[PDB]
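Read the structure below first, then the notes.
A single protein chain has been omitted; all remaining protein chains appear in their positions.
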Amino acid sequence: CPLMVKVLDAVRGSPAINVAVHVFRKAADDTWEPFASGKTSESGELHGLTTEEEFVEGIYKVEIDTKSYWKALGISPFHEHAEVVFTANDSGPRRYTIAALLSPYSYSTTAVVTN
Amino acid sequence: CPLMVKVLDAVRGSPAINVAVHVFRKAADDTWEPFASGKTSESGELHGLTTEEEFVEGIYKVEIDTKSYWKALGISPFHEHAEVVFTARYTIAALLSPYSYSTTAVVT
Amino acid sequence: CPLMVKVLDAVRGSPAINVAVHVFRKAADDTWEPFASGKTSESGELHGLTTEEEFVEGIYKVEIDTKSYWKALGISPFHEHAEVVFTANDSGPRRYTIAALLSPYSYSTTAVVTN
Partner (left out) sequence: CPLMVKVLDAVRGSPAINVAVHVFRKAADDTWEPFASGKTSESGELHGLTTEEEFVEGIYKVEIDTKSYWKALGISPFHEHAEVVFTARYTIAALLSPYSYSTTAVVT
């Protein structure tokens, strides 16, 4: 249950559906290694990215493919993607929700971290 | 200027121009009385609302007519307007989308 | 299920718990009439404000008592409250989620409206 991504659309007032998300974890040599990926559901949520055992301490990047999302609607957006980079699990296991709110020339993101 | 409003459009990536803004001060009977108003400029800014002399401590409401703004672009928006209510340099900034806005105060 | 409010805290990375919310509906004479109220739960959600039958077409104001929230933490915030004013159900019944993200000198809000 440890990592979840939620994406909303501020233009349509809806979940952002079928948004591709890629998660990377920084490796020893400081390269970004592929960690997990998926697509948001009809409710704009992405679950089952990882397990408690696999989501170890480290620096993670969640890249939300906002450009493919807007291009799929028809709209030539500003950003290539929205990145969320963070250290995770560095004082033990936490549950992380990464939420993003998308517009063609703006996005926000926030984290909810619980124990 | 003691009070400035700045309005940006999050969809087009542009200042939000010609947006109506009305400011009210809270009266003793808890009603809102008109204080100042204007339209945003080509840079999405509204200055000249008040002077330091008039802008005393009080509760103020800044109402931004986001609904007319979006309608004129052909978009049905969600909010009737965007209201920012605070007690009192103040900059009230607003970033608009059809179903969302944000607002921040830069008090310098 | 027709009206829900979700509030997050951007300072703590947590749901905003025990935030008071008052909902008003504009009356014939253009006064704001009390409609519903409650407090956000431990997950920062507020459900059971109204029923499909009672939530008729109209203009509604959802006032989120952000100042009492921050004052309860210790922080003297900028805003008195966050207001969300909107016309509801004017092309039939919709389900409305009103979400807000709070910081002492800033908030955002977004609507998710589904059918």
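Labels for the chains are A, B and C, by order of writing; each one numbers its residues from 1.
Operating definition for what follows: contacts are C-beta pairs under 8 Å (C-beta built on N, C-alpha and C of every residue); 3 or more make two chains touch, one makes a residue touch a chain.
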{"item": "Contacts of chain C with the absent chain, listed as residue ranges", "value": "9-14, 78, 101, 103-106, 108"}
{"item": "For chain B, the residues touching the chain missing from this view", "value": "8, 10, 13-15, 93, 95, 102, 104-108"}
{"item": "Where the unshown chain meets chain A, residue by residue", "value": "59, 78-81, 83-87, 105-113"}
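Basically, only the chains that are shown with their structure count from here on.
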{"item": "Central chain of the complex, centres being mean CA coordinates", "value": "C"}
{"item": "Chain C: positions in contact with at least two other chains", "value": "108, 110-113"}
